[PDB]
Amino acid sequence: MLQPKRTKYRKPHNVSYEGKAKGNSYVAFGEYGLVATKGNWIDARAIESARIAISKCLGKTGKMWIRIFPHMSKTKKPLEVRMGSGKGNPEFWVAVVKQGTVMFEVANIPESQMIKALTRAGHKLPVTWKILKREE
Amino acid sequence: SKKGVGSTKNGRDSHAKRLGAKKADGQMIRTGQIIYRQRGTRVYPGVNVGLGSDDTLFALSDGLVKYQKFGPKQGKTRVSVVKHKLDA
RNA sequence: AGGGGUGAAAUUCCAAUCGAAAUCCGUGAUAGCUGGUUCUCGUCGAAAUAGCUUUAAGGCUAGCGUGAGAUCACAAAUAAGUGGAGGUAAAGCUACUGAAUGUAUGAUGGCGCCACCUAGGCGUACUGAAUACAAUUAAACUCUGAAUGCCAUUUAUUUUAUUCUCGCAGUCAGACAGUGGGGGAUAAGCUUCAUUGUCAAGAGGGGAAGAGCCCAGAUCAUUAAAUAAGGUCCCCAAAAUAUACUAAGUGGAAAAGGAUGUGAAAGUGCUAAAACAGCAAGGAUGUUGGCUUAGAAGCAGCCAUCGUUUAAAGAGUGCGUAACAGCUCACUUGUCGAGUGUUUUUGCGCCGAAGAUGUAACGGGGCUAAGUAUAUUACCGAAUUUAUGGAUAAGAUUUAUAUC
RNA sequence: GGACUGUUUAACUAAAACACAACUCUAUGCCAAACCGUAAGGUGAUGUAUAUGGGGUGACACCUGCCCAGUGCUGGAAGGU
RNA sequence: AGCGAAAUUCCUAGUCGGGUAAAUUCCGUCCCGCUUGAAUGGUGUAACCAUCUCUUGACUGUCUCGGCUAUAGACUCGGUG
RNA sequence: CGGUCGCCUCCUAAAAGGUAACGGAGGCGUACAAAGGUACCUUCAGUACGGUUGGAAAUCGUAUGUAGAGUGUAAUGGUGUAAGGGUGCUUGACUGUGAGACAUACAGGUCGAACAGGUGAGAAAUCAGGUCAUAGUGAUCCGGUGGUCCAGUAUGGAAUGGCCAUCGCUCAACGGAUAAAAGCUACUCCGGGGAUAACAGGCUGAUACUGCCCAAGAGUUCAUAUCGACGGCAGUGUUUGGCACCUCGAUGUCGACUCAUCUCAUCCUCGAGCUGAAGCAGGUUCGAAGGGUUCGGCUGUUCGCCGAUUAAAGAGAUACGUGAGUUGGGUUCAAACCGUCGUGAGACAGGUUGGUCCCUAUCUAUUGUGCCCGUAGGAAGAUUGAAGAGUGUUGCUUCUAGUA
RNA sequence: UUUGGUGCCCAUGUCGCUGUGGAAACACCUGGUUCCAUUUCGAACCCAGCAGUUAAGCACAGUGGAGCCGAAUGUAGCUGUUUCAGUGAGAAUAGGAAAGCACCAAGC
RNA sequence: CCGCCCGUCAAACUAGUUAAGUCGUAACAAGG
RNA sequence: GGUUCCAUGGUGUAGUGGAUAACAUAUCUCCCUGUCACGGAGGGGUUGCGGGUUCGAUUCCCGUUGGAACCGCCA
RNA sequence: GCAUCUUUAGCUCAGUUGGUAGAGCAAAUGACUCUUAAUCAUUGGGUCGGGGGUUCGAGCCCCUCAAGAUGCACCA
RNA sequence: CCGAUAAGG
Ligand SMILES: *C(=O)[C@@H](N)CCCC[NH3+]
Ligand SMILES: [K+]
Ligand SMILES: [Mg+2]
Ligand SMILES: [Mg+2]
Ligand SMILES: [Mg+2]
Ligand SMILES: [Mg+2]
Ligand SMILES: [Mg+2]
Ligand SMILES: [Mg+2]
Ligand SMILES: [Mg+2]
Ligand SMILES: [Mg+2]
Ligand SMILES: [Mg+2]
Ligand SMILES: [Mg+2]
Ligand SMILES: [Mg+2]
Ligand SMILES: [Mg+2]
Ligand SMILES: [Mg+2]
Ligand SMILES: [Mg+2]
Ligand SMILES: [Mg+2]
Ligand SMILES: [Mg+2]
Ligand SMILES: [Mg+2]
Ligand SMILES: [Mg+2]
Ligand SMILES: [Mg+2]
Ligand SMILES: [Mg+2]
Ligand SMILES: [Mg+2]
Ligand SMILES: [Mg+2]
Ligand SMILES: [Mg+2]
Ligand SMILES: [Mg+2]
Ligand SMILES: [Mg+2]
Ligand SMILES: [Mg+2]
Ligand SMILES: [Mg+2]
Ligand SMILES: [Mg+2]
Ligand SMILES: [Mg+2]
Ligand SMILES: [Mg+2]
Ligand SMILES: [Mg+2]
Ligand SMILES: [Mg+2]
Ligand SMILES: [Mg+2]
Ligand SMILES: [Mg+2]
Ligand SMILES: [Mg+2]
Ligand SMILES: [Mg+2]
Ligand SMILES: [Mg+2]
Ligand SMILES: [Mg+2]
Ligand SMILES: [Mg+2]
Ligand SMILES: [Mg+2]
Ligand SMILES: [Mg+2]
Ligand SMILES: [Mg+2]
Ligand SMILES: [Mg+2]
Ligand SMILES: [Mg+2]
Ligand SMILES: [Mg+2]
Ligand SMILES: [Mg+2]
Ligand SMILES: [Mg+2]
Ligand SMILES: [Mg+2]
Ligand SMILES: [Mg+2]
Ligand SMILES: [Mg+2]
Ligand SMILES: [Mg+2]
Ligand SMILES: [Mg+2]
Ligand SMILES: [Mg+2]
Ligand SMILES: [Mg+2]
Ligand SMILES: [Mg+2]
Ligand SMILES: [Mg+2]
Ligand SMILES: [Mg+2]
Ligand SMILES: [Mg+2]
Ligand SMILES: [Mg+2]
Ligand SMILES: [Mg+2]
Ligand SMILES: [Mg+2]
Ligand SMILES: [Mg+2]
Ligand SMILES: [Mg+2]
Ligand SMILES: [Mg+2]
Ligand SMILES: [Mg+2]
Ligand SMILES: [Mg+2]
Ligand SMILES: [Mg+2]
Ligand SMILES: [Mg+2]
Ligand SMILES: [Mg+2]
Ligand SMILES: [Mg+2]
Ligand SMILES: [Mg+2]
Ligand SMILES: [Mg+2]
Ligand SMILES: [Mg+2]
Ligand SMILES: [Mg+2]
Ligand SMILES: [Mg+2]
Ligand SMILES: [Mg+2]
Ligand SMILES: [Mg+2]
Ligand SMILES: [Mg+2]
Ligand SMILES: [Mg+2]
Ligand SMILES: [Mg+2]
Ligand SMILES: [Mg+2]
Ligand SMILES: [Mg+2]
Ligand SMILES: [Mg+2]
Ligand SMILES: [Mg+2]
Ligand SMILES: [Mg+2]
Ligand SMILES: [Mg+2]
Ligand SMILES: [Mg+2]
Ligand SMILES: [Mg+2]
Ligand SMILES: [Mg+2]
Ligand SMILES: [Mg+2]
Ligand SMILES: [Mg+2]
Ligand SMILES: [Mg+2]
Ligand SMILES: [Mg+2]
Ligand SMILES: [Mg+2]
Ligand SMILES: [Mg+2]
Ligand SMILES: [Mg+2]
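Chains as they are written, first to last, in the entry's author numbering: chain l, 1 to 136; chain u, 17 to 104.
Keep in mind the hints are simulated off the structure, nothing from the lab. Incorrect hints may have been included.
[What the hints assert, rightly or not] Subject to a maximum C-alpha distance of 27 Å in a straight line, what follows is the list of computed BS3-like cross-link-like pairs (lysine-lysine):
{"no.": "1", "chain 1": "u", "residue 1": "39", "chain 2": "u", "residue 2": "85"}
{"no.": "2", "chain 1": "u", "residue 1": "18", "chain 2": "l", "residue 2": "77"}
{"no.": "3", "chain 1": "u", "residue 1": "19", "chain 2": "l", "residue 2": "77"}
{"no.": "4", "chain 1": "l", "residue 1": "74", "chain 2": "u", "residue 2": "19"}
{"no.": "5", "chain 1": "l", "residue 1": "38", "chain 2": "l", "residue 2": "130"}
{"no.": "6", "chain 1": "u", "residue 1": "25", "chain 2": "l", "residue 2": "77"}
{"no.": "7", "chain 1": "u", "residue 1": "25", "chain 2": "l", "residue 2": "8"}
{"no.": "8", "chain 1": "l", "residue 1": "87", "chain 2": "u", "residue 2": "18"}
{"no.": "9", "chain 1": "u", "residue 1": "101", "chain 2": "l", "residue 2": "74"}
{"no.": "10", "chain 1": "l", "residue 1": "11", "chain 2": "u", "residue 2": "25"}
{"no.": "11", "chain 1": "l", "residue 1": "74", "chain 2": "l", "residue 2": "124"}
{"no.": "12", "chain 1": "l", "residue 1": "76", "chain 2": "u", "residue 2": "19"}
{"no.": "13", "chain 1": "l", "residue 1": "11", "chain 2": "u", "residue 2": "19"}
{"no.": "14", "chain 1": "l", "residue 1": "87", "chain 2": "u", "residue 2": "19"}
{"no.": "15", "chain 1": "l", "residue 1": "5", "chain 2": "u", "residue 2": "25"}
{"no.": "16", "chain 1": "l", "residue 1": "74", "chain 2": "u", "residue 2": "18"}
{"no.": "17", "chain 1": "u", "residue 1": "18", "chain 2": "l", "residue 2": "76"}
{"no.": "18", "chain 1": "l", "residue 1": "76", "chain 2": "u", "residue 2": "25"}
{"no.": "19", "chain 1": "u", "residue 1": "18", "chain 2": "l", "residue 2": "11"}
{"no.": "20", "chain 1": "l", "residue 1": "77", "chain 2": "l", "residue 2": "87"}
Kindly generate the complete structure, drawing on both the sequences and the hints.
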């Protein structure tokens, strides 16, 4: 569970996922990458599921990079509570994924395993994923 | 069931001081009129422009106000009152 | 005998009435709360906001209306140009503050193994300061950084008022739609703000039916004409050509995901020195390699992942055998004589798709166009505009009570 | 559960509620305490502590423990206000 | 002290035994009694109760399960309304 | 009930200003005779090197470093020759004023050129009407104190006032009702509100339930016979919830009885695929709503546990169907007691005993039965059948056959 | 024109490296007895003089190392109407860059 | 007498019985 | 679900308005006794975790754990 | 039901929040005594309940099971 | 003031 060690403010305003791609737009560490086609909020739980999936379907020498990180937190008012009396407490951490951000990249294992690995990682995420390669 | 609700702790705010520019560039001005209200000198004073006990810029003579950018990397602002200078 | 009586006590009883009788008087008590308030026409026409309030269903002042007067330009509006203030959108984090990924050099500790009881040393499954490279995040981060909007001025045009003074108000429960946000869960026909509009206080046409969506603003009459949104098989006024697509009634509601549905395009491999599929044949030897496993030896985990002959053959393609074995395939050759294979971007479609009266997810009948996309020329369509006439308000020429 | 017989909300509650015989505490020496009134006057009572008024418990049997810090009540020398 | 899942027990339809083919009610007992308890009394108690609660014999249309008969209505005619 | 009530700083606040929420973070009800005024001089923190006590870090010297230092304080803005540090002299932390502006409903607040008097620093120019700036504060009335060129109720005084300065309010509910003020009402009453809750409806679908997508694994071996993690996407309205749109000039709210109707996410019966299906009996999935889907003990109960049967004892909706159809056991009137809270009147989704359930059906809907008229001459008979309604459940034994 | 002083500017003006220079001037320098001064030091400030001096500073030429600036194209955001026309950033890059504008005194 | 010995509590078996359990020291001397 | 209190040695509790932590029991050593208990002498041992303010935090401030005490109603 | 916790040598329990485990009893062994008790030393003894997954590495972190116990509904 | 002394021999 990726989680920031400390934050200045416990309850920040949510960060919009509508728009194009600011950074993390092109594969620059590996050479195959999982691009998104639909901006959405995905939490550290989905990252861990996807990361564990990649590692289980990886080999003995493959290497992977996780680009996105759940910097922003989100709150949730307790159940059966009427509106008012302040904001709720932080519950889960979410990374902001915009349309066009490369979430996971893989390298150093043949192409078919890498294509399969990115597929299982993207089936764990809500965004509509797509495979991309690194420019020569 | 209401389940009860917690209590909020920060609901305090102060009156908004109506700061900012008062006289725009090119506007004619008489002596003693406010040109810029600020907290700390955001706009430096030039010629024919004074300072107060609240860092408020006021004119010292008749004329047209004029802003000129100066300072390192043109990051400092300066105001002045260019006198009527009609001079026949 | 009533701010009293009586009460084996229940707030019992005290003339069908008792948390304190009945009747008259003060009295027409008071009610920031409901309800009601009676003839007509013409001109104009709001607000549901800010501050204060023992204030929140009320009140005062300001804001918005109306009547009278003044200000002619220096006042106020509509466009073009110019100057300036700002720190938002965006972007960036070697330009700071936090958060934060990988690589390389690495303080640091953990971890050891020694010597030494204290000064330490050699490697660290690993932790990770600082630096370099590459990449990230932010309402309360900024080395930067717009547009719009705002202020002022210049020019052109328009109005005597959006400016000033006086008289009389009403309003202080708002609603929805688009856009930027906060709270909520990127839920609410939710709640709270900023801005553009409508309704409130506004009919007409479209939306099948709808206060707030779109087109617009109703003085009265006309069985006149041209149009806006929207539409032209029938209900219901009005259309035709031409080119393609869909086979789902899709149209005429839906996601993650799945599929030799179909059309278009751009590349690449082989092919009449024979393509692909299928059919007919072979499809091996060391060997069943060796550890290993009761055993594996073409098909348990391994030690790996051999080499020759040869057209081809794999420590095998599976099934399968305790294991071999055996059937059989990946691979090669031959009958075969016209198309096959793959990648990428797209248009329209299929499944995913289950609720309670009755077709019931086109308004209905129906429709393979009467569906979708494109081009040309038309038409219908409002209380809009034009045309004829009647009524009326304010400004002008002017005084006939005439024309604008 | 109430000892019992009884009484109670006329006109939604008859009961475990009220009352009852019994126990205890307290006040009261008589022009008594208590009570109605403003007072006179009167009830108590033409009664006299084996009597009267009030608080609590409620046949009968066995029991009723500790605390006098706070409050209430009674008494108290002086001293302070 | 006495009593105790109580007209008191939240957890709790507490554990166990009895009653029943089967028992959130009932009877006895157990006791972390959240928060029982001694004159706002504690524990027992023969008789009594249009009191509350549980088991049981006889008894029956309460029920399995509904059916028949007679009147007064309802229904029809005349009058008031 | 809890929290807050005045002022100041940042964000939300959408680059002028302004802008709300029981939105997100913090402070203030001061401090300084120097931390004021003036003249002069002077400039970081940290780090590197070198040095007794002295140590990672006291002080010294040199260098580097462009602010991470300081500026009394909560933040923001400003400021590195400054507004920061030191020294000398001083008290302008003056008197009477005040053109012109900012912001404002008012009351109040903020800046201020310049004039006269007399001073402080400085050679002089110049600066000084409190501090780098924004919080550090409370109206009126009443009374007290100091000064005073005013009044002194026939006159002279005095008393008592007037003017200026000043003092007494966590009047903090901070534009302050009065100098002085807490609770219960189930014994209750009045004026109103769906401006505002409890039942039901409406919107939402967080939660709940049903389903699907990926495949880690479990499963003599084997993801997909049967399960299915970590994750994701939907459907229903079906539990607990959110909003407060309809109803407070009344929509009767639990359970039971009677009558049932509808949906399918199917409990039985009916058909089929797969099976880790030998047979019997099972598991899962698909199709299917025609019919059926028991009686009892305890509890008001729905629910629930238990007993005995059955082919089965299904999940829901219909104002959690049904009181102008029944009941009133429960909740919730007045009575009474127990435990607990309160000093108390009283109170408890704590417990217990008792306790009024009205209406003759006008319209429509429905079950039956009639009159009139039409069906084109009238009447009496017998028919076809467009559109319909009713029923549809299933078990046991024997044989087949102890055969497959 | 060059040197010296100064104002305006506020890195395309800086930091640094390599060399050259002084006639006059600028500077170090020579001493503290005078005016003046050290929170202690004639270091500094202030005096009165130019013996020595080109290390410094200062002034010139080179140096693209660090720092700074930064075109055109394209893109993100905006305004309208479109689903296209303007507006146009930030980042990155070719590259520029060894300051510039005036006044005064001296030999020129 | 560094003798003897009593009564609660705790454990087991059937108030008794039990080799080495806990709190005291009541009785046997003038047993203090 | 909300609100108030507490966390100090091995165990039970005081203090500190920032500069400092004690009491009792318990523990250890030594007298003591035939021995032991009791007795006598001496010795020793302390702020729940975090994170801010200050030159300095047990104390001051905000959060996070554990243990308690109160409330959670009107329909 | 749900959410929550626990399963650790023969028994009762700490383990530490990742480098693979001890404490106290019980047992045994000695020492010790005439011999015991007691005492004292020493001492063997673990499938961290069963599997999966993360990690270089799981008693330790996350899931599913097996057996119990808790707190929230035997509809307010 | 003044208490105790494991079992079988
Ligand atoms: C009382 O507790 C009700 N609000 C609960 C009803 C639950 C029905 N599933
Ligand atoms: K109502
Ligand atoms: Mg402000
Ligand atoms: Mg009165
Ligand atoms: Mg009463
Ligand atoms: Mg009466
Ligand atoms: Mg009246
Ligand atoms: Mg009144
Ligand atoms: Mg009008
Ligand atoms: Mg309006
Ligand atoms: Mg408004
Ligand atoms: Mg009112
Ligand atoms: Mg008004
Ligand atoms: Mg941004
Ligand atoms: Mg950064
Ligand atoms: Mg509004
Ligand atoms: Mg509003
Ligand atoms: Mg809106
Ligand atoms: Mg929002
Ligand atoms: Mg919103
Ligand atoms: Mg609304
Ligand atoms: Mg209105
Ligand atoms: Mg309209
Ligand atoms: Mg219409
Ligand atoms: Mg009109
Ligand atoms: Mg036309
Ligand atoms: Mg048209
Ligand atoms: Mg037509
Ligand atoms: Mg359809
Ligand atoms: Mg396909
Ligand atoms: Mg295609
Ligand atoms: Mg539809
Ligand atoms: Mg027309
Ligand atoms: Mg018209
Ligand atoms: Mg009785
Ligand atoms: Mg009786
Ligand atoms: Mg009665
Ligand atoms: Mg009665
Ligand atoms: Mg008398
Ligand atoms: Mg008498
Ligand atoms: Mg009594
Ligand atoms: Mg009694
Ligand atoms: Mg007593
Ligand atoms: Mg006393
Ligand atoms: Mg007394
Ligand atoms: Mg007792
Ligand atoms: Mg007893
Ligand atoms: Mg009972
Ligand atoms: Mg029983
Ligand atoms: Mg009962
Ligand atoms: Mg009993
Ligand atoms: Mg009692
Ligand atoms: Mg008593
Ligand atoms: Mg009793
Ligand atoms: Mg009776
Ligand atoms: Mg009759
Ligand atoms: Mg009749
Ligand atoms: Mg309150
Ligand atoms: Mg602004
Ligand atoms: Mg703005
Ligand atoms: Mg500050
Ligand atoms: Mg000074
Ligand atoms: Mg100062
Ligand atoms: Mg007064
Ligand atoms: Mg006089
Ligand atoms: Mg106020
Ligand atoms: Mg105010
Ligand atoms: Mg009323
Ligand atoms: Mg409403
Ligand atoms: Mg509701
Ligand atoms: Mg949903
Ligand atoms: Mg299988
Ligand atoms: Mg829905
Ligand atoms: Mg349901
Ligand atoms: Mg509203
Ligand atoms: Mg309704
Ligand atoms: Mg009505
Ligand atoms: Mg009615
Ligand atoms: Mg009714
Ligand atoms: Mg089905
Ligand atoms: Mg049929
Ligand atoms: Mg019975
Ligand atoms: Mg419902
Ligand atoms: Mg119902
Ligand atoms: Mg039902
Ligand atoms: Mg409900
Ligand atoms: Mg009904
Ligand atoms: Mg009913
Ligand atoms: Mg009835
Ligand atoms: Mg009805
Ligand atoms: Mg009842
Ligand atoms: Mg009854
Ligand atoms: Mg009562
Ligand atoms: Mg009491
Ligand atoms: Mg019909
Ligand atoms: Mg030189
Ligand atoms: Mg109640
Ligand atoms: Mg021996």
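Okay, the hints, checked on the actual structure:
no. : hint          : result
1   : u:39 to u:85  : holds, 17 Å
2   : u:18 to l:77  : holds, 14 Å
3   : u:19 to l:77  : holds, 12 Å
4   : l:74 to u:19  : holds, 23 Å
5   : l:38 to l:130 : holds, 10 Å
6   : u:25 to l:77  : holds, 17 Å
7   : u:25 to l:8   : holds, 18 Å
8   : l:87 to u:18  : holds, 17 Å
9   : u:101 to l:74 : violated, 62 Å
10  : l:11 to u:25  : holds, 14 Å
11  : l:74 to l:124 : holds, 21 Å
12  : l:76 to u:19  : holds, 16 Å
13  : l:11 to u:19  : holds, 23 Å
14  : l:87 to u:19  : holds, 16 Å
15  : l:5 to u:25   : holds, 25 Å
16  : l:74 to u:18  : holds, 24 Å
17  : u:18 to l:76  : holds, 17 Å
18  : l:76 to u:25  : holds, 18 Å
19  : u:18 to l:11  : holds, 25 Å
20  : l:77 to l:87  : holds, 7 Å
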